[PDB]
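Given next, in structure tokens, is a single chain: the form solved without this ligand.
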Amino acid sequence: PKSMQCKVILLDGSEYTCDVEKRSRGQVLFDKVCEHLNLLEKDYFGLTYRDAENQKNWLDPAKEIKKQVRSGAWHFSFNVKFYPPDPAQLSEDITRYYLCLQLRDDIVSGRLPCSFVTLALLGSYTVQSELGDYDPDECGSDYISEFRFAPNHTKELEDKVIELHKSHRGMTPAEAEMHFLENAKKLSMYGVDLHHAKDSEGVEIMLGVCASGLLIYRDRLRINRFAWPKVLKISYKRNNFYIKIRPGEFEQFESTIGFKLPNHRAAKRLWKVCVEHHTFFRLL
């Protein structure tokens, strides 16, 4: 029975290697990674891979791995797929830990924009969780943490992390991680998956997919939002993506809204993540 080597980049930046049978469905590999990670609350997570166009795709756990990676390497990342709006609701500390690791990468990468003060507060909770109480012996006036906190590090930011870390004496790792999450969950781009698109007039927009619905960013001046409940049908055709809106009270007709995506694969990818979000966040 022939097996393919799989390499998975974990949220701590380390590499997990395993073998699965070459006709394996994605769930087989995901189950192995989650057992490796001692992760029970698996529903929020998934594996990604890069397609022939170097686009991030979710590995569909119900489909054969080989029919998704196709010509590409069996190389994956372990990621948060569904960001919980209230991480305090999660049953296990280790789930919140992996969600913290993902968010730290969302922040350093710039996918999750954050004010100076919130970057320093999030950083200070990470340092408290990982090193425990502030020790002066480690940090002088010239201290720079090994921890990556932000897309652009400044001495002022490092100083503010230390100032806040000092305030956290006695805080346990789970407690610090829960504070991390209570701050991060409020950020306007928390758990928003962004897709480049054009509206029905050709104006460049971003579509954001998240727990609360589909967001349209025309810029910073005028953001439209469609809460999942309103959305009856999500569809794609050629390079186009459509949502069927519920009729408003006393309106005769449903309303269908249309966007242009970069190519047919980008339209299908946006459709699939919307359908998946739509189901996930109506069902608890």
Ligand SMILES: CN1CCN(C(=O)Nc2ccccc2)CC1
The other form holds:
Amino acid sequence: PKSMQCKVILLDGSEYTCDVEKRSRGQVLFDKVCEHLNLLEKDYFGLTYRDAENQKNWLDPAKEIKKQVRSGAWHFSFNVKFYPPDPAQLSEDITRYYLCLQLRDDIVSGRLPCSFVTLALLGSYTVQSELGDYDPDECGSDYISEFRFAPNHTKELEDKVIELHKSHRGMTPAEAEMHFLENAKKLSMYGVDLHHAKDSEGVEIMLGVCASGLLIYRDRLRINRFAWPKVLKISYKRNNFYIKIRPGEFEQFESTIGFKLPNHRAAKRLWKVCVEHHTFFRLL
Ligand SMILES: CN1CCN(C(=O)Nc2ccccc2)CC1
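For comparison with the form solved without this ligand, please write out the form solved in complex with this ligand.
The complete assembly is shown below, putting the previous chain first.
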């Protein structure tokens, strides 16, 4: 029985290596990574791989790994797939911990924009969780944390983390992680998967996929929002993505909104993430 070596980047930046039978479905590898991580609330998470175009794709747990990675390396990342709107409702602290790790990477990477003060506040909870109570012995007037808090670090930001860290004395890791999530969950781009697209007129937009629905970022004035219940049908064809917007009260007909994606693979990827978000966040 021939086995393929899999390498998984974990959310703490370390690497997990295992083997699976070469005809394995994604679920087999995902089950091994989750066991390694001691993670039971697995439904929020998944594995990503880079396709031949270097795009991030979700590994489909129901399909053979080899039919997804195709000609590429069996190299994956462990990621949050479905960002819970209310992390306080997750049953385990360790779930909230991985969610924190993911969001810290979302912030550092610039995928999750954040004000100065929220960067410092989120940083201060991470430091409280990881080092415990503020200690002046470690931090002089010139202190710079090993911790990555933001796309761009300034001394002002490091100083503000320390000032907020002072206020969290006696806070337990689970308690600091819950506070981290209470603040992070409110950010306008929390759990928004962004896709480059063009509207029916060829104007460049972004499409956001999240728990609530589909967001159209047309310009800074007017953001269109389609709550999942208002969406009956999601389709793709060639380079196009279509949504069928439920008829309003006393309207005779469904309406159709069409978007152009860079290529057919980009259209299919957006279609699958929408269908997956719609199925997941319906059961709420
Ligand atoms: C101030 N808002 C609060 C709600 N939330 C959304 O945008 N939700 C949404 C609603 C309908 C369709 C798509 C998304 C985050 C920021």
